[PDB]
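**Student:** Letter by letter, the chains look like this.
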Amino acid sequence: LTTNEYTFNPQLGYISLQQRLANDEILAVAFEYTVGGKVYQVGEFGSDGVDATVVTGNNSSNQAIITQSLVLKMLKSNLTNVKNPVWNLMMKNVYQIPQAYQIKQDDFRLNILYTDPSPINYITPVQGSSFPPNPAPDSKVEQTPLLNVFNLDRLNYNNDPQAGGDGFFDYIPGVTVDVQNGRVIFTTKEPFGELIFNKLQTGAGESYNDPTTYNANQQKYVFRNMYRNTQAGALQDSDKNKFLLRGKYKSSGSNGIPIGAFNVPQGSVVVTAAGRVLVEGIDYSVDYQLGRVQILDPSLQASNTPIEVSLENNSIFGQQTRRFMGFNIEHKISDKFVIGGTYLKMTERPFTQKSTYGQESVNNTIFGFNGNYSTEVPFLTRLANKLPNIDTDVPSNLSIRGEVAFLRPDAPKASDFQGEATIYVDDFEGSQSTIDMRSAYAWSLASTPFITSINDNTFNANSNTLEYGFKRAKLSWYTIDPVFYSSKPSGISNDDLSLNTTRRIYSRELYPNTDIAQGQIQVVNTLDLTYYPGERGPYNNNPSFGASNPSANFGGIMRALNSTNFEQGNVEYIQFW
Amino acid sequence: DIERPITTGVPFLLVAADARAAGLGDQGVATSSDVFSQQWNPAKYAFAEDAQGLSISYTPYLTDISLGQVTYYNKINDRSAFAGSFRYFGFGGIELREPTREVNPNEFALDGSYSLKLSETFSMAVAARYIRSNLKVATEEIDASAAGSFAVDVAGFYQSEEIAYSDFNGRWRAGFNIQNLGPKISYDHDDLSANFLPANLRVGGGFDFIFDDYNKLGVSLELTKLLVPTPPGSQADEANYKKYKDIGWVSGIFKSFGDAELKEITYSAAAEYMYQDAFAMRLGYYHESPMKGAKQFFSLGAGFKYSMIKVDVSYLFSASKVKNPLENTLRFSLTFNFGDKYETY
Amino acid sequence: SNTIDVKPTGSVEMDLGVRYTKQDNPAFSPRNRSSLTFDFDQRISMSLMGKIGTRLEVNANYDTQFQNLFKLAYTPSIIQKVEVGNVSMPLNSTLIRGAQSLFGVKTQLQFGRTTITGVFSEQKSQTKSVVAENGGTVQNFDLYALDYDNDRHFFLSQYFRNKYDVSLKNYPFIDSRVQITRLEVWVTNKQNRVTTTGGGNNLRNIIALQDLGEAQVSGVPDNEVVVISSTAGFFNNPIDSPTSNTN
Amino acid sequence: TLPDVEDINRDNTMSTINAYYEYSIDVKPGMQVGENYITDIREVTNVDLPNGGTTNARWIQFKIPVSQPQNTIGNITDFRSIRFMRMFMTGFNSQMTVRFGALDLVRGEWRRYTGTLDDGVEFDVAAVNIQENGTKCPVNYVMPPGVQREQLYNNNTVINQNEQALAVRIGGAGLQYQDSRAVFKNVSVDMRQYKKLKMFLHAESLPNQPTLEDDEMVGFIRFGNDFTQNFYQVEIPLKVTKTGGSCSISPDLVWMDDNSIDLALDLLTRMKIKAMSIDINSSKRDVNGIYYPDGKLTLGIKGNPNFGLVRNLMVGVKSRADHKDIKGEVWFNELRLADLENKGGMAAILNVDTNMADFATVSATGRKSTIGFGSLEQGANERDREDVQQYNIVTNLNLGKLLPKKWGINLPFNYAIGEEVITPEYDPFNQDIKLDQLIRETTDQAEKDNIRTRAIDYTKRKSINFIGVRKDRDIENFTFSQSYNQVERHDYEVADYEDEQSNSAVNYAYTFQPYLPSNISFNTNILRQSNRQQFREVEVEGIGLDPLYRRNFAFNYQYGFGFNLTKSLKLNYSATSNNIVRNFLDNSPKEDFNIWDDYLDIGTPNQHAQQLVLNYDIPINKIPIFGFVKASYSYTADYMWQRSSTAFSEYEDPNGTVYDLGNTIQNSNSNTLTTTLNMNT
Amino acid sequence: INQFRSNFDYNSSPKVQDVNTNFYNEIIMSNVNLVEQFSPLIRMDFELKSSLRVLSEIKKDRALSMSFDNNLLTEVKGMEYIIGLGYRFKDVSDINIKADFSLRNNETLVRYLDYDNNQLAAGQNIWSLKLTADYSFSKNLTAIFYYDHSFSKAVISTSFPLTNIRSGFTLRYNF
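Chains as they are written, first to last, in the entry's author numbering: chain P, 434 to 1010; chain C, 21 to 83, 88 to 121, 128 to 263, 285 to 311, 318 to 402; chain L, 132 to 196, 201 to 212, 216 to 385; chain E, 1155 to 1271, 1280 to 1456, 1468 to 1646, 1656 to 1696, 1724 to 1794, 1797 to 1892; chain R, 2212 to 2303, 2319 to 2401.
A portion of the hints provided could be inaccurate.
To spell it out: a stretch of chain R is covered by chain P in this simulated footprint if at least three of its residues, at any positions, have a beta carbon under 8 Å from a beta carbon of chain P; those stretches are [what the hints assert, rightly or not]: (1) 2220–2231; (2) 2237–2247; (3) 2355–2361.
Honestly, the hints are just simulated from the structure, not real lab data. C-beta atoms are modelled at their ideal positions from N, C-alpha and C, and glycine is treated no differently.
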């Protein structure tokens, strides 16, 4: 791995790979560090290791090539055994802030909560638990906020220690945060698992290595199965995954608030600064080409108020056809006083009647009123210029606006089920996602198999001599190419393309209920496996092969699966027809 | 929710390709003679009051797929005309994951039609199409090089001279079109499996009111019958489909009527309003059976004529049923006319 | 009344051609030899302007590369305006804030002083929003205990692992002395390729051991530090020495 | 065109290890739909061969469960590293062609639940499917009655989409008296607008087994946060579809309406309320603390689950056969939610804008909303669930206008008040119950007032500021400022919150004009930030948690000394400094402090950053012998000093001694000469 | 030298030899890269008598990348022949012809030192023959006949030599 395909905190010793090798790769390391004046090394480098190759000859028919291996250290093998300590070498205290950038301090608020029913941010005992008394000043899980419970808040704003803490996540750019890309790093090998155990512990009879000897209070919080078991495992240990850590990070905002839409349709943005809408030209300005709303309101500029912005983008690729029926009466009472209508009906049109959860259709109808009485108050302008040095005669206005805007929602009657507003939280239609395997070429010959155990030699599978493929018949895997069916090559009678082992199975036989598209492949390819248990197969110097009962020979074909870890793939069945 | 539709072989043929139609309810069978009328009623090329024209249309399918037609008519006498159309349904853009192979799937349908003027009122035309689909361009046990076939068309178009009614002196138009009549297509290149061609029996009429003699408003109706046998709705459940599939096309075109009523005839109505003949505002409602095709809409459209180029555009408000792949588009079509303005009586 | 002056501008392009392509991999059939697909391309990039009949007003912009616009206005001398195609419907309320980009019909009707502007049309937008605080675009995140980062962060040995949570008792000062000077990482080479511009073409056999280094730590048992089944006569250093090849 | 390596998966190594999982299909001439792993047979009768003939073909569908190996060859434990699927065909006597219509590793989405809710019980989870399993042996998969087929256009053609279900299949020794088996997925479904949660079910005896009776099977739809500590178990005693042999039972007898959950969600809340007053220790909590209240469901709750956090769906199969081994083939299907809340909303925006002739621009606002008001595009779970009472008041004055235009000033004086009062429709604890059903559920007013006070979200924000004050024309050309933002808030989480910002900048920026400095720039800005938080204790609304004080008291300033000493020297100089203030502490802060305490203080330094940039365009042209070289030179030097927070400055050894690990220093240089030497001799 | 290092082993000890046998070089390193490049080895702008524009470059380069881990170098090649070509038929009206032949070759030989095993590891022989000829029928209407031939070639045995040909006219109408 080039030095740009990973990082490493060169003081605590954890690699920070940049590609998430998670399909049973192998990942070795050789490194060299210095504890002060001494130099250590637990690998073997290229510029230190035994040379790559070593020849011991002069001609191609007497050379003796010797390649050499460069002993290293292993950080995760192919077969992810959970027991072995290479599993533990993986680091499970790094949480990646989703879609993060150089997350500068003061624009990053992290906060750990305990959503048992709902998000509460202090741990409570269970029915007489009463957490171990007289805690140290550091552990003290009695009422402390979760950031203090998790030893992740102990420093002031300036990163110098404070009594209980600043109340906020500490953000030490080496220790607790990888500022370049997300990655809040908790300051423990396994915070949720053993930090809480040792911080709730109530004696020495409790031990972390056996989940049966827990406090009955650290039996509800110690989430041991995400550290002693994979992430696809520990789904079955579900009663403990309630420690979400909400947070907020901000973008650069250097030029302006980057809305996230491009080529906005003009007059659409509505920047309600602190609840009150802002005027499109007096206190903010939009680019309309880049997003980048820019508040030129100096008081409201530097205020830290949450300026929210509604955008009305028009870059929807793949949405539902909407209809926008409506109108608005606009009556003019005596000048500078109007009244409004504004009936509106926005109706989605679902793709299918089976409106899934999240992709729901709306049928909303708003109808409102208006107001907007204007006036000049020359009384008040006179009051103004009846003051000290003030002189101006510029007019004064007292506009007054009001609205009501009732809303009545619905759901479009297309997406009804027997006269209702079903949403289909799970129609069991996405389950059973398949992975094809009848690719006639991706297979190949197979080693001689074992049958009952690793101890039987029914197929000579342990014979280390040439008596290894004696029991290999003449299996031949293939698919009858379409030339035979379409344009009969000279020699194959039409009574050969018809004997039920070579027929060009149409999909109208397997799947008579499926509606094949037009112009697409109507023909169900196969993976024919013609097995000849008397034909000597490929390589074997079987001397007799004439008394061998053909019910003893095999014919083998092995593939290589693209995706390992059927746990987190959830492979369940091997289907075939 | 449609039960038991009819798998009409190559389906791109049915969809309109222009804007003079498909902004008018997809009919064009009793619409005035125009450069687009080759998919709808090739007979009415004889009544074109120009010598020769050619046009390019385009429908985008914003799902970059596209459907584009290029036509050229040229009436030799004052009494006959030739025409040639070319529809191209393409999946514009492709790549095969270091030069990589480029494979554009496409379904062009070349076409050419003669149109003679039998009597002074209605004309008859005969057309021929080489349909060719190549959608399944692919690799390793799904072979490309899919074939097409040939289809014949027979169209009659009855223009009427003039009647000068009570206060609006309109004229009448009628016309029938027997669409694709060719041997069934086999995508898989077998003889034991082949899809019927999309034979149509579209019959339409229309009347246009005339105001000021160059300010006209014409309405019209079309009835489209899809002349393929309807599929039969489990040994019997297999034998019934076998009897459906072993039907010849010349006999299916005859049968065509053993549904299982039979009012699964798609009807469309539309109105023209062309002002001075260089501007037109097309309205049209199209309706198929919600059980036998599930497709209906409320097409709007407009058309402009600067000097000899007409720009026709149109939108396709989807009336009720399932998501139509063209509902938010603009069927942009464009024309060109040449000299020899003919005097249409 | 007269003066249909709709003057189109722009260009049109047709690309009627043939496209032959053939590979020569043997795995294909003898049928997939030499595909010969026709090819057809259009590049209509037009725009219409003009003011028909002194009242109507055409405007349009049709490009063959999403936002193809088509407005068709109208202005009488009881009917004020009738657009089609790019109606707006501004409707300044701050509660009933209607859409502003949408295809369809828009009318208007002045009955003395009671304008009844109404729109039927198809909205073509989404109305997404942001919550920009000081700076820009506060965007929240919500993780959990169990969805940490997958196998992408690794300790470098059991020594650093067991020393991690103790060297960080007082965060900013790290109670250690370590300094990883040099570090080489070796992954399985699933993509058989050779480069010079990637940094080099240096790749060797590897026999990466599991217990390489790992002098036994004081706290945890030996069965969790070292995988060797019998550690008897295996360690040749004290019970806390750092990871080196000679532990 | 690839060589025939002994390396299949291109890992570049061989991996001669043997860790298998065998799965042995038989190949016999019989094979009805029960025994080996068959699921369908789909016999065809008359296929048209190309020679005009006709054959009788079968399409026996095997479906082997990966999670039930028959043997294990070698030290294999679990399916975390699988590779090299190797099929081989033994036992035959002669020519044998097997044609795989679709060989497939099908991965579910539903994850069989392991653990008590291991004795031999073959629990399987397939998806019965109408396109494939329309010919199954026990019962043909017929779509449930109301369910349509979900039309769709591929390219100018309808394409009937698919329909599936689940195939929770019990075998082996079968379930015991209450040992159940379940299947769970994960979700964030918020079912609080919709008023009924209902899904079909289907029961079936097993082929070649003792037929089930019309009991001893249940719906068992644990949902909510959890599977053993927070859930809403719906249940239903199924009744088997009586099979006779037709194998094509009609849809109304497959998907019986007695095996179809209804479960109006408004009953779950009353169950939750009835069970809040029934402790976790009692005999009501039956065995696993499920509290069955002892239509046709037997609902159960175990500890206040939620809606909107309905993660961990678990559909399953639980036995209630008093003494028998159950072996069923339950199908689950469409799990939709019934009709929703069509009630509406209401808003009352009222704005008031005034002017006082260029002097004051007092605005005012205020908008009152109700539960359910959003916008048109607002979905069903995102419209509104909070009564809201915004108001705002901005009072931009212009104080400089009060004095004469001579010696004019710019005192803007923005002043903004305003706040939010929000009451959620649902109380922020027991998220699914509403505030009303809990305020009207107890006569414990000491606790009733804990409720509806731990739920009234409240803010308030003051903002005074004088941004832009200066005297328009060592002259009087400063530029002052001042800003002050207070925020208070006492929502459900924080009992009281406090923010104070008090930026107080000031700038100089002379910019000289004719060896003296060409420019001078300077500026300071006190930045005080003060925050309090008291996270409320939701049990009793009394004292709450300890307050947490954040303080960012900082002073910091700039310089700049742009000199143009000659025509061939352009040396700038921009120092900067940023020191902190620590009036408010050792490590025990002072909860007696103030933002407007000693304010012009200049505390301890925190960062100091020099910077120098001198450019010298080498006056060698003066020498009238080398006047052909455009030699320049540039030297930017930098310097920075960090503070190294007190965890270093008074690090104390475990020996007890306190060291001082100092605070770092940095340089940098950018020597840069770019000569020309235009040969002009 | 992409990154040289200081060797901790070349310190002071009485241990001057490494594993195989060497003297612990002071400057560890890896991947010494000699990059040679004739960018236009020759370029021959050839504006001819009437109008026969010609521009025939010849690019070329080598990328020796010897790595000291395995001690085997990797040589890469250039050979990017190019032949531009332009002409204008007159008043037939005017017909502008362009022709852009090009031929890119490559190699990625991995050469061992201690025995002759210099083995190929990549490559290309792509040559393309774009060729256009356009003709205007009026101020508005133009046509252009284009012909884009292209042929790859198997340098390594996993490339599947392509040959693909675009042709046909393209009209053009400028309003």
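**Student:** Work down the list of hints and note, for each, if the structure agrees.
**Tutor:** Hints, one by one, checked against the model:
{"no.": "1", "hint": "2220–2231", "result": "holds (count 4)"}
{"no.": "2", "hint": "2237–2247", "result": "holds (count 3)"}
{"no.": "3", "hint": "2355–2361", "result": "violated (count 0)"}
Violation of the numbered hints given earlier is confined to hint 3; every other hint is satisfied by the structure.
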